[PDB]
Each structure stands twice: as structure tokens, then as C-alpha cells.
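Starting from the known structure of chain H, fit chains C, S, D and P with the ligands onto it as the hints suggest.
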Amino acid sequence: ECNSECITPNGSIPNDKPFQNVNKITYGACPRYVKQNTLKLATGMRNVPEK
Amino acid sequence: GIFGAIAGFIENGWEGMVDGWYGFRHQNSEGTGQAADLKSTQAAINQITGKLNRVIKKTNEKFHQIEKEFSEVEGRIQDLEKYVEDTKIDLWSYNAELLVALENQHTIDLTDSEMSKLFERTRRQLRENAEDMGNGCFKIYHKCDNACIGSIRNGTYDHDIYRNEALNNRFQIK
Amino acid sequence: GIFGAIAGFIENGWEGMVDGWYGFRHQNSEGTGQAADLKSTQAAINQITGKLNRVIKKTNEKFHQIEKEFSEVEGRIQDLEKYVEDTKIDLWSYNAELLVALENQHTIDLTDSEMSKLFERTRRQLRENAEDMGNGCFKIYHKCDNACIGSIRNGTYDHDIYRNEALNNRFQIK
Amino acid sequence: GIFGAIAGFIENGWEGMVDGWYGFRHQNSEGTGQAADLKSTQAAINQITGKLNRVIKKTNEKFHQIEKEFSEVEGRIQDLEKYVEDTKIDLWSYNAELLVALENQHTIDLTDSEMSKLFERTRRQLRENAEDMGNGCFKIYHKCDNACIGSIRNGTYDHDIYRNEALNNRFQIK
Amino acid sequence: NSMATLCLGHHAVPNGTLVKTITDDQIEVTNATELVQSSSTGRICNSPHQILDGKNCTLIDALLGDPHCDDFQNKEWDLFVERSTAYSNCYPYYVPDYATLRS
Ligand SMILES: *[C@@H]1O[C@H](CO)[C@@H](O[C@@H]2O[C@H](CO)[C@@H](O[C@@H]3O[C@H](CO[C@H]4O[C@H](CO)[C@@H](O)[C@H](O)[C@@H]4O)[C@@H](O)[C@H](O[C@H]4O[C@H](CO)[C@@H](O)[C@H](O)[C@@H]4O)[C@@H]3O)[C@H](O)[C@H]2NC(C)=O)[C@H](O)[C@H]1NC(C)=O
Ligand SMILES: *[C@@H]1O[C@H](CO)[C@@H](O[C@@H]2O[C@H](CO)[C@@H](O[C@@H]3O[C@H](CO[C@H]4O[C@H](CO)[C@@H](O)[C@H](O)[C@@H]4O)[C@@H](O)[C@H](O[C@H]4O[C@H](CO)[C@@H](O)[C@H](O)[C@@H]4O)[C@@H]3O)[C@H](O)[C@H]2NC(C)=O)[C@H](O)[C@H]1NC(C)=O
Ligand SMILES: *[C@@H]1O[C@H](CO)[C@@H](O[C@@H]2O[C@H](CO)[C@@H](O)[C@H](O)[C@H]2NC(C)=O)[C@H](O)[C@H]1NC(C)=O
Ligand SMILES: *[C@@H]1O[C@H](CO)[C@@H](O[C@@H]2O[C@H](CO)[C@@H](O)[C@H](O)[C@H]2NC(C)=O)[C@H](O)[C@H]1NC(C)=O
Ligand SMILES: *[C@@H]1O[C@H](CO)[C@@H](O[C@@H]2O[C@H](CO)[C@@H](O)[C@H](O)[C@H]2NC(C)=O)[C@H](O)[C@H]1NC(C)=O
Ligand SMILES: *[C@@H]1O[C@H](CO)[C@@H](O)[C@H](O)[C@H]1NC(C)=O
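Chains as they are written, first to last, in the entry's author numbering: chain H, 276 to 326; chain C, 1 to 174; chain S, 1 to 174; chain D, 1 to 174; chain P, 8 to 110.
If you're looking for bench data, these hints aren't it; they were derived computationally from the structure. It is possible that some hints are incorrect.
Said to hold, decoys possible - Some, not all, of what chain C presents toward chain P, calculated at C-beta under 8 Å: (1) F24; (2) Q27; (3) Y94; (4) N95; (5) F119; (6) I140; (7) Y141; (8) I173.
To be verified - Restraint ranges, calculated between C-beta atoms of paired labels, are given here: (9) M10(P) to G150(D): 28 to 34 Å; (10) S45(P) to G150(D): 51 to 57 Å; (11) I89(C) to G150(D): 53 to 59 Å; (12) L59(P) to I89(C): 25 to 31 Å; (13) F70(C) to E61(D): 16 to 22 Å; (14) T313(H) to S71(C): 28 to 34 Å; (15) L98(S) to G75(C): 35 to 41 Å; (16) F70(C) to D77(P): 41 to 47 Å; (17) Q42(D) to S91(P): 25 to 31 Å; (18) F70(C) to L86(P): 17 to 23 Å; (19) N312(H) to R124(S): 47 to 53 Å.
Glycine included, C-beta positions come from ideal geometry on N, C-alpha and C.
So that you can see chain H by itself, here it is in the shape it has in the complex:
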């Protein structure tokens, strides 16, 4: 008992992300299945630490 718009054979997953790597088999409002396990989208600038 819970609430989730995306269902896979591996259980439901969050659809707040645009892609997913859980399962190519889905049902409902799911993220696009991709082969990648991770994709970092930069939300800041080039980090140049002092030392």
C-alpha cells in the first residue's frame, strides 16, 4: 500500500526523473528507459577550489 504513478516488474519507481534504469518493462507515467545507470546534469558552475 502506497502511491506511485510508474510500475515495473521490479516494483514501483519514482517518476520525478526523466530517465530510468530499472526496467525496460513499465506501466504508467514512467521515465524513459535508458542503458545508463547515471547521468549528472550540472546545476552549478565550474568548481575551482582554493587549495
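Structure of chains C, S, D and P with the ligands alone, referenced to chain H:
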């Protein structure tokens, strides 16, 4: 760095500046200080939030599609069902990979844009009263106390009333 | 604005300049005037026309494809035919959406490039005879009549014959 | 040119500079000379090698797919097999076409970035001792022999010891 | 000394996140966000889409009327879930075009 400012002519980022993204750091007769520039900070943030919102939006519910795992050997019709799905996944993975690449390069570069935009805004503000030291700092050729610095930031700096002093300090011999 | 010129340090665009995209507006002892810069205007137009032509080209005739609407329930073979087409459409819609986004951002940014390119061309042209006022205008420190202005635009301005006057006007006290 | 340097304010590229991509060419009392700037040269090369490596990487082995040429007329199942493959190819061709376009535009533009980055680095280095002639060259207002030039390149140029001479040479009449 | 000095700059973070760009496989930024949902609970949420647990019945056994599937008569679902534990316990049958019918 594309605009050549962050990791280009600015040596380091300020780990101790946690009240903004871009800002000012100064020294004068009344000591030293530091304060963020909320204009350029917010500008970078707005652009990034915009693209972030734009990437992260949902898609259509998808309902009864095809089978993608098969328990028995069926040959030609299964071969195709597998081929279609595989094709799809490769293309979507590609799009994702490329998307992130383009977006990230652009984010790196737009934040570098905002850095130089701030620098140039100040360089113009100061007219002939200060010189570019090369490292992202300016050499001010007149007395400029904390109140004076607080007119440069905040864009209320009338250069003309300092101009006279500055010119005399700039054009001497050694 | 990426190059920080259009909606960055230039306050407004000129709604009354309908003979070009970029241009000059001036004031001197002989009154005021305005005229377009056809170099930078044409440059922006050429780039945009190029990408426009490049986007808008036709594709192959497509002839006898699959059925995409079905009058009866057929299950598995129909499921696949529907799945293939749907997949296709999502991918093509994506490409289109992204294409427009990238292209538009680039168009916004290349036209901002042309603005600063023109400004810098002039700033170099004028050497030490004028100062950057901050708003996209220059302060000329010598008498510059309509003929003089017409040597700056059109790039026939020899700064050296004005240099002497300009330096004396720039380096006084108040 | 986006940054407006290559084919923008620099008239030509140096066909005789085959020891680098970017560099310096000079004239003084001891004659003329030329030498490459390995910093900006290597920077452009690193960026390009990076994206080149990133484009040119392999994919998964693909094994038993579908038939793509047919010796007999089969109608509906063949129609689909043909349709799927054709769809795929159009999409992959598109991606490739677009990839090259974006990448090439970016390569053109990042190398133009490196040109202006070098120019600005030097302009700041020289402070008030030289003036921008407009064509990618500087006018040095003091005697600067081959050793002096070799302190500008290599970034060991202390402007302050030349400053006095330069100011006197810059501010005369004619 | 009749002078002063003013520096301009950007912030940084002690830690950082590596991201991919056009030119770089790894480059460090102040922060980033993850675009791929790589993990799951292992449990199927029974809302909002209506889940029907097939339990020991297959969809076709539930259809035909296999005695141990009487609980499924006239039921509905947004998603019917078939379990690997499922079995059949009625007359031997063969559904040519099974997969089509199930679909
Ligand atoms: C570095 O990178 C990190 C990575 O997270 C960034 O962190 C994110 O920051 C944003 C902005 O603050 C966070 O967004 C917030 O999400 C909250 C959660 O709401 C969710 O609720 C349901 C869950 O089912 C979803 O349906 C829904 O769509 C949301 O996903 C929101 O509540 C926040 O909005 C409002 O919350 C408060 C609550 O009182 C309100 O008062 C406010 O008005 C506010 O508008 C907000 O949208 C995001 O969650 C963060 N990430 C994570 C993983 O948590 C950093 O911002 C970035 N930079 C720094 C400095 O860290
Ligand atoms: C879906 O299908 C599964 C698998 O067939 C069913 O699980 C079995 O259900 C039966 C019937 O309810 C259970 O039978 C009970 O077994 C208990 C243990 O005995 C054996 O159990 C397993 C299975 O044979 C053996 O591996 C094990 O070694 C034991 O030898 C008994 O204690 C029970 O006795 C009494 O149970 C109740 C009263 O409490 C009454 O039915 C009778 O009075 C009976 O005498 C009974 O024999 C069996 O245990 C279940 N399997 C397991 C592994 O537990 C599901 O029931 C079925 N339906 C679902 C899941 O909804
Ligand atoms: C800079 O301009 C802003 C205009 O908003 C002024 O901001 C005020 O700063 C003082 C502190 O010096 C605060 O007490 C006020 O609450 C601020 N007002 C607002 C609306 O933010 C600021 O005064 C200006 N700079 C100086 C040096 O006076
Ligand atoms: C600017 O250079 C152009 C060179 O083409 C000159 O353009 C001429 O402008 C005059 C008006 O002043 C026209 O009568 C001519 O027909 C133009 N010629 C061409 C070829 O376009 C112009 O003379 C130059 N500027 C000035 C101030 O003389
Ligand atoms: C510039 O700095 C470099 C620092 O590496 C010096 O490079 C040397 O150049 C001389 C020729 O003038 C060579 O003999 C050395 O082998 C070089 N050393 C290295 C480590 O590359 C160079 O001396 C500096 N410029 C001048 C004018 O001295
Ligand atoms: C620490 O690094 C993580 C990435 O691993 C980042 O999300 C977070 O914003 C960073 N926090 C601080 C305080 O540096």
C-alpha cells in the same frame, strides 16, 4: 572556459562566499571586506533553473505495449519484437547522453558568461579611475573607503568626482 | 544574453531603425542623426538564413508504409505495429523539440555576438579619442561634425589627426 | 566568428606558423621574429581531442537481428520489418548529421574563443604600455628589444619598469 | 597611499560533482542533479492505477474459468499481475494464438 574567466583569468573560486555565486572582495584604508552580487548570481540561477525545469518534465502514461522478455523460442516475430525494443532503447539512451553533454557544456559556459558580464559592467562603471590588474582585480587610483566601495557595488558610483584625483595618481613617474 | 549586449548593457532596441538590424545614433554640434551598419546587419542575416535553409529542406518520398489505425482487435501483431509507430513519433517529436531549442538559443546568442562585435570594432577604431559610457554609447572628446561621424561609420577614421585635441580634453581637472 | 577574432579582426592565419596554433609575431630595433604560444595551442587541442575521443567510441556487438532484404513478397509482416528498419536508419542518420553540425560549430567557436583569450591575456599583461591597433596587433610605446618581447611571451613582463617611458611616449602632441 | 583595490570573483565548494560535457568525460561543478532513476523499492504500489494480483492464476486460467480462479470472475484491472507461482488445475488445453488472446 569559452569566456575565459572561471579557471581562465580568475585563479580560484571563493569557498567562503556562501551568500551568492558572484561577488566582490576588497581592501582599503578601512580594512578588508566581501559581499555578493545578487544580480549576476540570480541571472545564472534563473537560466539554470529554466533549463532544469525544461528537462525535468513528465511524459505520457504508457499503457499496454509489447512483450520484452520471452519465455520460449518463437523466431521471426520475436526477433522483430526484440529488435524494435532494442532499437528504441539505443536511440533514447543516445538522446539522453547527448542532452546531458550539450546542457552541461552550456551551463559551464553560461556561468562563465555571467562572470565576465559582471567584470565588464564594473570595468565600464569605473571609467578611467582604475586599472585591470589581470587576475580579476582592479587597482583603484584614488582613496576609496567602505562607503565608496558600497557605491561601486550597487551601481551608484559617479566616477567624475574622483576622476581628478585618479588621473593625477595614474600619470606620475617612478 | 551570453555576450551581455542585447538586454544586457544596451537598454533598448531601436524600434525606429527599419533600414538595418545594427546601427549608429549620434549627436554633435550639427544636430542628431541615425544610420544602419550594413556589415553586422548582413552578417547576422547570413548566419540565420544559412541555418534556416539548412533546417528547411525536404525528405524522401515515403510510399507504402504500415497501417496506423485499426478497425478490428487483432492483438499481438497490431500491438507491435502500434508500438513501432508510437515509438517513432515520440523520437521525431523529441528531435524537433530539441532542434528548435538549440537553434533558437544559438540565434539569440549569435545576434548578441554581432552586437558586441560591432561595438568592439568601433572601440578599437576610436583608440584613445573616446570613452565607453557604459550604456552602449561612446563619449567623443573632440569636435566631431557630421562628416567626422561619417568617417567613423564606414571605417575611414584616422584617429591620429584628432588625437592631440582629444588627449587635452580628456586630461583636465574640474 | 562568435568571438569575432578569426576571420573577424584578424585578417589572415599564419601559414608559416607550423610549430603551434596560436602565437606571436613582432618587430623592434633588433629586427623581426615569430614564435608559438603553447598554452593556448594546447588548450584548443585538448578540447578538440576530448570531444573527438568522446565521439569516436565503439558500440555493442550486434548479433542476430532481422532480415532487411527480402527475396519474396510477403506483405504485412515484411512491410513492418522494412518499416522498422527504415525508421531506425532515418533517425540514426539524423542524429549523425546533427551531431556533426553542432560539434563543428562548437569547434569553430571554441578555437575562436582561444584566440581572443590569448589576446586579452596579453592586453591585460601590457597594462598602459601599449595600444590596440585594431588588427590583432599592439603598438608598444617603449623600446622593447628581443629580450623584452621574450618577457611578454612567457608572462614575465613587469610593466611598471617601462611604465614611465611609455606614458611619456603616449601623451605627446603632433 | 591614495589608493585601494577591488577583486571580482565567483564562489566554490569544498567537495564537487563530476559531470560530462562535450569536450570532457569528467569535469567538476559545484553541484548537479541525477537524471536516471536507478533504484526501486521492490514493492508495487496499489494506487493510483488499479492492481489485480493474479496470485496462483494466469490471465487465461482466470478467463476460461479454472476452478481455483473463481475469485477472479468479472474482475477489472488497470494492471493484471501474473506470478511465477501460478498453476493450472483443470482439463488439459492448448490455446493456439495464446499470446494474442492474453494481450
Ligand atoms: C544542488 O543540487 C541539489 C540536488 O537536490 C539541489 O537540491 C534541490 O533543491 C530544490 C530547490 O530547493 C529542491 O526542490 C524542492 O522540493 C521539495 C519537495 O517537493 C516534492 O514533493 C513531491 C514528492 O512526492 C513531488 O511531487 C513534488 O513535485 C516535489 O518533487 C518542494 O517542497 C520545494 O518546493 C517548496 O517547498 C517548501 C516547503 O515548505 C515551500 O515552502 C517553498 O515555497 C518551496 O517552493 C522545492 O521545490 C529539491 O528537492 C532539491 N533536491 C533534492 C534531491 O531534494 C540544490 O538546490 C542544488 N544547490 C544547492 C546549493 O544545494
Ligand atoms: C496458492 O498455491 C500455494 C501452493 O500450492 C498454496 O500454498 C499451500 O496451500 C495449502 C492449502 O492451504 C497449504 O496446505 C497446508 O499445509 C500445512 C503444512 O503442510 C505441508 O505444507 C507444505 C505444502 O504441502 C509442505 O511443503 C510442508 O512440508 C507440509 O508438509 C498444513 O499445516 C495445513 O493443514 C491444515 O491447514 C488448514 C487448517 O489450518 C486446512 O486447510 C486443513 O485443516 C489442513 O489439514 C495444510 O495442509 C500449504 O502449506 C501451502 N504451501 C505452503 C508452502 O505453505 C496457497 O494456499 C494457494 N493460494 C493462495 C496463495 O492464495
Ligand atoms: C544599495 O542600494 C540598496 C537599494 O535597495 C540599499 O539597500 C539597503 O541597504 C541598507 C544597508 O546599507 C539596508 O538597511 C536597507 O534595508 C537596504 N534596502 C533595501 C531595499 O534592500 C543600500 O542602502 C544601497 N547602498 C548603500 C551603500 O547605501
Ligand atoms: C562611405 O563609403 C562608401 C563607399 O561605397 C561611400 O558610399 C557612397 O555614399 C554617397 C553618399 O555620401 C553616395 O552618393 C554614393 O552613391 C555611395 N557609393 C557607394 C558605392 O555606395 C561613402 O561616400 C563613404 N562615406 C562618406 C562620408 O563619403
Ligand atoms: C621562458 O620560460 C621558460 C621556462 O620553462 C624558459 O624556457 C627555457 O628557454 C631557454 C631558451 O631561452 C632554453 O634554453 C631552456 O631549455 C628552456 N627551459 C625550459 C624548461 O623549457 C625561458 O628561458 C623563458 N624565457 C626567457 C626569455 O628566458
Ligand atoms: C557535496 O557534494 C554533493 C555531490 O556528491 C553535492 O550534491 C552537495 O551539494 C555537496 N555539498 C556540499 C556542502 O559541498
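Hint check results:
no.: 1; hint: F24; in the structure: 6 Å, holds
no.: 2; hint: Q27; in the structure: 5 Å, holds
no.: 3; hint: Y94; in the structure: 13 Å, violated
no.: 4; hint: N95; in the structure: 12 Å, violated
no.: 5; hint: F119; in the structure: 5 Å, holds
no.: 6; hint: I140; in the structure: 4 Å, holds
no.: 7; hint: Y141; in the structure: 6 Å, holds
no.: 8; hint: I173; in the structure: 16 Å, violated
no.: 9; hint: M10(P) to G150(D): 28 to 34 Å; in the structure: 31 Å, holds
no.: 10; hint: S45(P) to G150(D): 51 to 57 Å; in the structure: 55 Å, holds
no.: 11; hint: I89(C) to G150(D): 53 to 59 Å; in the structure: 58 Å, holds
no.: 12; hint: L59(P) to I89(C): 25 to 31 Å; in the structure: 28 Å, holds
no.: 13; hint: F70(C) to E61(D): 16 to 22 Å; in the structure: 21 Å, holds
no.: 14; hint: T313(H) to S71(C): 28 to 34 Å; in the structure: 31 Å, holds
no.: 15; hint: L98(S) to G75(C): 35 to 41 Å; in the structure: 37 Å, holds
no.: 16; hint: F70(C) to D77(P): 41 to 47 Å; in the structure: 30 Å, violated
no.: 17; hint: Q42(D) to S91(P): 25 to 31 Å; in the structure: 59 Å, violated
no.: 18; hint: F70(C) to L86(P): 17 to 23 Å; in the structure: 20 Å, holds
no.: 19; hint: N312(H) to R124(S): 47 to 53 Å; in the structure: 51 Å, holds
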